[PDB]
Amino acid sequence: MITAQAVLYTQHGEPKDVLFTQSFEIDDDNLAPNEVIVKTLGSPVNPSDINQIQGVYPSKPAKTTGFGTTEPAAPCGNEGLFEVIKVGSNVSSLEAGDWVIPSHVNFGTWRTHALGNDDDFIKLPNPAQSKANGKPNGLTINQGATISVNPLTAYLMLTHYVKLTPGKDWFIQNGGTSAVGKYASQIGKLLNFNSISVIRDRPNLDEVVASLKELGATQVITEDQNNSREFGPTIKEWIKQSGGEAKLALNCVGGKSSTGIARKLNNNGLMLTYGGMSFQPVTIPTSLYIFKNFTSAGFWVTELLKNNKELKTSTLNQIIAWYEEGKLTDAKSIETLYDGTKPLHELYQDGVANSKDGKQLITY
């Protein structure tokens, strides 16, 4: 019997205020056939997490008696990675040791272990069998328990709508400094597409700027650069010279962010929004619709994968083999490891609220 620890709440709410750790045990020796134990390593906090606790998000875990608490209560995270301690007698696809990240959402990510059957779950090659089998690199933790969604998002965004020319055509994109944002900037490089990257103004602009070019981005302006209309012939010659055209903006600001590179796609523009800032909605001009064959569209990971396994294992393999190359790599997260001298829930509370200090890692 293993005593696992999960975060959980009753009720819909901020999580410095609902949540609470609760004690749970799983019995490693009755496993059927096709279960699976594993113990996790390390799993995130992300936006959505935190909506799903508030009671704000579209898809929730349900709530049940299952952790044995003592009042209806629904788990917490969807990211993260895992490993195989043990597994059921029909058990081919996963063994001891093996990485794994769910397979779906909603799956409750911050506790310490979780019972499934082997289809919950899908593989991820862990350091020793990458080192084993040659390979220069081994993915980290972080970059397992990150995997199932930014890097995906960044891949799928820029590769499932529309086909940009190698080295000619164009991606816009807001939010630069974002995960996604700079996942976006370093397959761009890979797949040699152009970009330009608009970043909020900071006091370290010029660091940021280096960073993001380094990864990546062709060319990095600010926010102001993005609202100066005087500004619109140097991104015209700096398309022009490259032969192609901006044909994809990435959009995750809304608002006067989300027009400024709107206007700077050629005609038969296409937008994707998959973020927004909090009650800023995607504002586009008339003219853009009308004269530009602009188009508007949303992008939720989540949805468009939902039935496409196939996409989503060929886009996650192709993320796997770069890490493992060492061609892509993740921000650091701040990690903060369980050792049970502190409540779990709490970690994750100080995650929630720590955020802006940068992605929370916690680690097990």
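Rigid core (definition): largest C-alpha set, two forms, superposition within 1.5 Å. Positions refer to the first chain, counted from 1. First, how it differs from the form deposited in another entry.
Superposing the rigid core between the two forms leaves a single residue from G232, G97, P127, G167 with a C-alpha shift of at least 2 Å: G232. Superposition of the core reveals a Cα shift of less than 2 Å for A210 between the two forms. Superposed on the core, the two forms differ at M277: its CA moves 2 Å or more between the two forms.
Could you present the same protein in the form deposited in another entry, rather than the form deposited in one PDB entry shown above?
The next block holds one chain only.
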């Protein structure tokens, strides 16, 4: 008989307002033949998780009484890393000790345990298994807990929409310091795509520029350079010299930033909007559409991979392989350990409030 904790809400709103923690019990002695019990190792706070609770994200778990509430309640969090604790009599694809992520969104990963069927999960190698398998590296908890959204998002935006000629063509991305952006820089490096990362200026600009170039940005500019008519020819020359074109823009900021990166594409450019961190709309001069044949589209990993297990699997497999080979590193998280002294929902509330500090991971 396991006592678990889950972060719930019964009504949408700001996480600081509507979240609470619900204790509930899992009976490890009553597993159906295809059922599995998992224990959470870590799960991040993503913007989508927050948007989901706020009610402005049209993919969400049902509100149910399943965690022992009287009011229907929804769990929180869409990705995370779990460890298999026990499996039913008919489960052969998972065993105790295995690492898994949810196979689908809306599973609720802001909680200590879960009961599910074996097909609710996708197996990741644990570090012991990686090492036994002759890999130079095993996954860290943060790498496994964050493998399913941001790395896939970067990979798919860079490969699924426009073919960049290796060693020649460019993508331009804003939110250069974001977790997605750091994955995008690395994957650009691994696939030999040139890239410009746009970041907000900061006192240690030089340090951050150096870090992003190491990850794999070709050039790094500030949003002020992004805004600059004067600086524009600098960017054109970079591209001219490469013999390639700027064919793809990645936008998770909106507002002026989206305008700026759109302007820097060659004619017949494509922008994918995948976030709006500024809360400002995507703003594009009429002339880009008419005269430069700019196209502005969206990207939603959840929808793309909704009914494409094949694409999810091969992408996820590539990310796993890169980690095991040491070719990819994670967007690092600020980690907060749950030990039962402070209610679980307060840790996540803190993670939401502190997300400005950088990606937050709640660990167990």
